Amino acid sequence: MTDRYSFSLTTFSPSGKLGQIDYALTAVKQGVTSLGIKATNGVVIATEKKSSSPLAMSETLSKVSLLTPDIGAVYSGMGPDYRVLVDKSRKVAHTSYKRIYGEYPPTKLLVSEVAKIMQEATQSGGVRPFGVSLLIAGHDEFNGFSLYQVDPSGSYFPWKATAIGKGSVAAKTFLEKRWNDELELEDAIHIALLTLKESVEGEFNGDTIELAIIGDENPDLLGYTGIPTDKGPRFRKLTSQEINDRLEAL
Amino acid sequence: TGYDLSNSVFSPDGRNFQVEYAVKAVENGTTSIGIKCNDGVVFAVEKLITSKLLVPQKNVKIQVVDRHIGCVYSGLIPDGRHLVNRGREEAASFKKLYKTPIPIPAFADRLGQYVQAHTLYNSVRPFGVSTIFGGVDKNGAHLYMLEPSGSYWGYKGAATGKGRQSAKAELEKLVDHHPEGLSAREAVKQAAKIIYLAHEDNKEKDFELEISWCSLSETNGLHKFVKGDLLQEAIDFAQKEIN
Amino acid sequence: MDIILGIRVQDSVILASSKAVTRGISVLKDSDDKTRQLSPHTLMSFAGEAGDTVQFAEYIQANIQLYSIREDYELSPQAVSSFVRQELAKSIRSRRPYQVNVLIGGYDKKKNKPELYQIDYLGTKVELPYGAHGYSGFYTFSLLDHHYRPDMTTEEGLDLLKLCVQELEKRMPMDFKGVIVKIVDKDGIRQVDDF
Amino acid sequence: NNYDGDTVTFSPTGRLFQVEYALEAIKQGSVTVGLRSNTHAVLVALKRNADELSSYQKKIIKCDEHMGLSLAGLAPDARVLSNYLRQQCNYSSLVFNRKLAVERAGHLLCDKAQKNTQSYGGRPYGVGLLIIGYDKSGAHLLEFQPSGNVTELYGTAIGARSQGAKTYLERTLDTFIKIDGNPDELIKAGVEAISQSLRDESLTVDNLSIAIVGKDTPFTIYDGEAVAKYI
Amino acid sequence: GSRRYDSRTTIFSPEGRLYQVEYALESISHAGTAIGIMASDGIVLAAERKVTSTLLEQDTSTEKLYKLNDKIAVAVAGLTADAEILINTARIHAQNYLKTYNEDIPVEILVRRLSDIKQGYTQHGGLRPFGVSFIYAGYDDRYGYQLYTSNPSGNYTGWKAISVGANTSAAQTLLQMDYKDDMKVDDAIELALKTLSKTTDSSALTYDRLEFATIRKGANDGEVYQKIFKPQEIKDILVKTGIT
Amino acid sequence: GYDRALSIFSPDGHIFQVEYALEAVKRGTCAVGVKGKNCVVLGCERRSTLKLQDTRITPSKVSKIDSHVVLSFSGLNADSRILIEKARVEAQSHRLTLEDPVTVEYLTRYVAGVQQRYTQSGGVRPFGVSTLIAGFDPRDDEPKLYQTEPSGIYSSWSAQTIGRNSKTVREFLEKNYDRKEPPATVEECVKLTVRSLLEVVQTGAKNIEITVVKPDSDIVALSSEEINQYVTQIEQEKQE
Amino acid sequence: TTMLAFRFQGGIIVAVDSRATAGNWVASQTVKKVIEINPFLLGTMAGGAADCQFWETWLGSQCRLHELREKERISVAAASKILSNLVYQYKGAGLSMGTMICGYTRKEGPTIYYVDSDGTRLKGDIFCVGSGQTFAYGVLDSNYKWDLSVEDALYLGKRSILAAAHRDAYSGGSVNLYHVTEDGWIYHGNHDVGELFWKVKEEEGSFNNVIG
Amino acid sequence: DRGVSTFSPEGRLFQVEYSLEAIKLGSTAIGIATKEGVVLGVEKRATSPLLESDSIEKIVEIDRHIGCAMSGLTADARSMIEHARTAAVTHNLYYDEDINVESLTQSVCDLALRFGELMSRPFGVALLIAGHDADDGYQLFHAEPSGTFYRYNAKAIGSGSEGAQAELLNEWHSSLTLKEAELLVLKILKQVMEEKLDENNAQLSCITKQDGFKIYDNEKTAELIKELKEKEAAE
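Protein chains in written order, with the entry's author numbering: chain A, 1 to 250; chain F, 2 to 244; chain J, 1 to 195; chain E, 3 to 233; chain B, 1 to 244; chain C, 1 to 240; chain K, 1 to 212; chain D, 1 to 117, 125 to 242.
You may find that some hints are simply not true.
[To be verified] Heads up, incomplete: computed chain C residues facing chain B, CB under 10 Å, no partners named: (1) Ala24; (2) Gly123; (3) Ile219.
These are computed hints drawn from the structure, not numbers from a lab.
For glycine and all other residues, C-beta sits at the position ideal for the given N, C-alpha and C.
Just need the whole structure built from these sequences, with the hints factored in.
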């Protein structure tokens, strides 16, 4: 046995293309649409819960994931690749930051760590790149609210608003017309729901849509009282009912 | 195409062609069988006499594992020896930690997982043997047969090698004609007959018969080789049936 | 080894080091030079455990010479002293530490200033106008505290050094067989052959 | 064809071509004969020279006082395998105060050769060995193939034109097995056996190599004028 | 076994060229142009972001210009993710040197170190090289202001003015034409922007498509200041130099 | 670890990776070495395809391995740095253990050994570099000049050239260098070295580098103007 | 044990005693404490007998490999440093060694290095090591000159060991003499101390304290 | 591609067979064993007249009683020589004696087949190992990259080997003197060399019991060349 694939499986072609990265991006293109919009007092990330079977309980499959109390992530592309990246991202937030500085990493640095992991799968021996693009929304004291996209190559870019996957080209055009620097969080959620409806074929409701926000601190979700400085997580996943309430004012 | 050039590669069918090619090596080997009797198991194998210069009764094929398990195989003989060596290590470690001798189903999985592991990587070749093995434990007699894929099941009777079709047909008759069961001494006689009958697929050269058995009443649950008078009696019974 | 002294005057650094090597009962040598030139304008004297002193000094010398060749440039006395400190600080938590105390006398050609650094085997570095290791300071510092001036000439530094050595020869129980004296200035390193 | 690039690849008919190619190296090698009685076991080997200025390549290697072999094929591989046998014989004597049984020595050689046929990166051994020995169950002769197959025999031959010697031994089987307590006659039978494999060349004084082990005979190799008696 | 799938990233061609290095250089030729110009009183780093969007958050964005320490900065051309791996290694090297010698790392020593890391990937390990070319802008008290470049081969050279990425042939000719030795930073700022404006594949050169930085002794007295230009500051210097 | 045998024999008995490494050397800028009676001169070509270069800081083609030995090269620049670093470390290691600086032959033998090792080690390619190593043994006034190549073979030369168009300058040296009477002075040796490069270089401007090594660690690199005076005097004698 | 080595006009004199003790018990009087590393290099043996024998024999192997590789005689500087660097690696493990590596080359001339198990390496003109070193030093220091003849130098070394053998309980047996030249060392015989003492007493008039 | 340790259908290792082709391109080396000593001679083959030919080292001392000549990719020989020297010295350290010439040769040949995917390829050089020991007297061995070594009364390797070996077939007898062997190596080298043989492009050496291994001076060889010329003109 032993892993005898100690050589790169991603290499430059004569034209300068890294084939495996391009092909990973193609897999992302086939993936279900997900988007992110940044407001003045929050960030929203959303996607469709494309249920593989009606017998499947799609609530047990989380496409939107908490990474830290103030950082969340959504994806487009290969689900399993996303799941393991979420595990690694959660752990690296602790090992390379919280266990050192006693606090959670700022959004940009956690993104940087996830990006590094994805870059290494593009150069290390005997592995293929991750077949996902991530959208990571978060808040921290000194940088405020932010939204980042991370691609299979390991490249990441900050966005005011963006979309990835199936209908990203049309969705990004839709977002360009609606986005301004004076949006409140509720306005961004409204725009997110409008944008997402265009790329969804079938049912469009709280049970088929997954949506989370980075907003105000939620002391009700902290689980304890007594420490004034601890005010609760800013990440909150919207319920099925909360989504449907905003679909009537749509 | 090219799916059959490397082990552990799924073909578009969902097949591992390298494992299927290992089976061809097994089918090319001599006939070996196993019979599950009332309180034990009997193993028998066809040994082709390539030349007069082969010393009779010396090139022993059947192998013991621990003191209660017998193993016989068809195909690449060295591969079978490698598998038995591993089996002996597995049995030793089991007894070291748990005191009791390894149960036959437990032992079957140890071999099974090891053989299956050689279908997971392209850096190794699958085993070129099908192994018939078994013995007596606390729950009674057990007979198993293990393929190159790592696949194994429990058997009432088992056969592999070049004359497996002939042998299987003979084994199926015994199962039908004896629902109550077969005695250990009967099984030795029947094993001799079946190898002699299966030798028609290898009729060019003459052969040497080798039999072993584990029985609760006849061998105290230990693996022993059938020797001398009992072996000759089985050879005579076999020769009488082919004529 | 025993006595190593250092004094930084106006335009040079002067290092004085004893000549005796004693192995228990007998004085095996009375002309030992307890110093290594690390670079053209940097000298290091040393004292401590037998064997480790020379091994450490030559190891440092080799490393600075390697740097000099690689960059075609002489490191500043400060940079050399920091490198030496780190090596000793690393050494103190090793399996078997270097038991070596050093003085680094260098002339910085960029700043046109002499510099004297005192580093003990723990990696304790201090920049001083004058320094010593072991018991040498106990006998000599009261004289240096009194007479030292920052604008002293090299000749005045040597005279103050003679007074220090005389006090050592009077009150120290051990015969250290005199000292070898070396001067480090803008022109490099030279030995005072009559002291 | 497409399945002979390495030892880790079966062909569609279940063959291992690298092992078969290693077997081919033995066929190119010089002939060597092995035969035994109930008291003694004998090796006879036709040594091969490079030219008239060169020495004749040695064929027989001693492994212990009671065991040794003759080689045909890649000589360095024989050195590796014979070194391993020397160690295993030695381990048995040091740890268990026990002379290593010839049959057990065959099992060890089989297993060592097998590992080189199932793993990537390696290659099969390119040599065949005839092991003779005298242990607690009498005289023994083994034939080793680098496929891993080890076989106990009364007599045999390996190398180029070995078929002639092998047929002779198959005829003489009933005679030479009975040559007990007569080392010279057993060697004669071996020299006559290896003669059935010669063409154009004959057995000379620096051509012939003989070894013998028996009841009260340590494994000893005869070369030079020591084999003139048998020419 | 595994050999079958090995591309062999570290072999010579029959002509004595390193395939992967050459192909990585081809990749870099499609990256946004980065320019470095060295003057007597400072260094300029100018670089073009690749076809951006209006929804990209520019003020928090960094893809071209990176700080290695207070004295040394780099402009990137190629795979950004690859560059960040090397950049972090360079940042650590600079700090290792500072801890060891208690002096800031000389520019060339940092450049040589990174370039040696790139070299290693071309000779051993069987891994693909880093698809990155750097322009190093830095200052130390030995050589003063320095410009270097390094490419995937691990080869590095010093420059008075240099470009990497797209249209380097056209850019280098324009720089060679207008560069003079007695040039000052404010003049170099203008040259860099004028060169990008002519070589760009975009229709027009605007603030949102640029990253800009200067290293000046225009820091109060005997010290050096790095200035990573803000989006508004790039907009102002574009108006000042008369490009918009 | 990556263990792949990149340097292997071909049916005709050639190791192509080693031979292709020589092709990289052929592409490199020309380097030349000439030893006089009491000196050795190393000349190097600088391709003028790169202007706007900062010549103060750009890696120079001749490198000091120790105070008494120098190394120049033709081929891959990045590869040469690895050999130069190893040689410099070994030079200091030799001084540390033997208490004497390396001989020029010893240093050459070491560098050549490293090059050879990279032709039969798994997972590595050969150096695309040939070197000229020159200097004087400690306390010796006999000039030394050696050459190494990717295969790892090395030898001593009265005069030698490597790199692009080295066939032409070797042609020049073979008819102009007399063994019975080598360039008796520094002037004559530098002149013959500049002359040999002028057969190939193009403009005698910033395209020619000259380094003179004399006994007892006396090494100096000539400036543009000093070389320019040789370039001027050579062509004025040629106009006849 | 008593050993000395000193540099002079005609090269190096090496002189040693021959006694080995295990407590009060005299285990041997015929011990070879000079080791012929090679035809040009000598080593003395003090401390651990095995440590000195083993590693100075090993040193000879390293010196031989050096001259095979470099086609030149190894310097005393380089040879001594190979040994000192080796024992320094073992520092703390419990090696016991006190030796003088003696040689005569073209570039160096006659050279002596005192090498020691705690890593010390000292070049010098006169060295004396062992339980009787202080007695030998007394005779050496008062009679040593650079311009000694080979004959007088040999006697001085012999007489100095005799002084030690007399007073030091753990020194004696016999005296072994060597003379190291550029062309190699020359052995100058084994001299029983018992016979030598009486001979020297009569001829020299020394040791009046002892009745003979 | 294919394994480095692969067998051909004929039962030969591809890489070993290919390395033998590289040795055929090498410069000629010849050895002749006599009862008075063994002679080793080589063709230097300088690629240019500016190359100082005395720096070409194709004859090498392993120990005082063992010498060695090489042909092929001579850079590959350096680690083989290093190993040989170490083995010779190590055995003396362990056993206080000279090592047997055969044992030394066997130790060198053990390195040969240590290649795969250890070194990445076989050695591309053949060695003539000559020496003397008390048990078997004067000996000459031919060490190949296959790991095989043959003892020879006389042997030639390199580009002119088969022509030289045919010549050695006719000339060698068991009563040759050392002087006769020296001239014989010179004669055959002169026959197979491209350039005209002289003391600068050819080198002689010998191993005797008394004096050990010695590489001949160019002045000494020049006299033997002049002696050769005169005796060939003598009939």
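Evaluated hints:
1. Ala24: Holds, about 3 Å.
2. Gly123: Interface hint status for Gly123(C): holds (6 Å vs cutoff 10 Å).
3. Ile219: violated (20 Å)
In terms of the numbered hints stated before, the structure departs from hint 3 and from no other.
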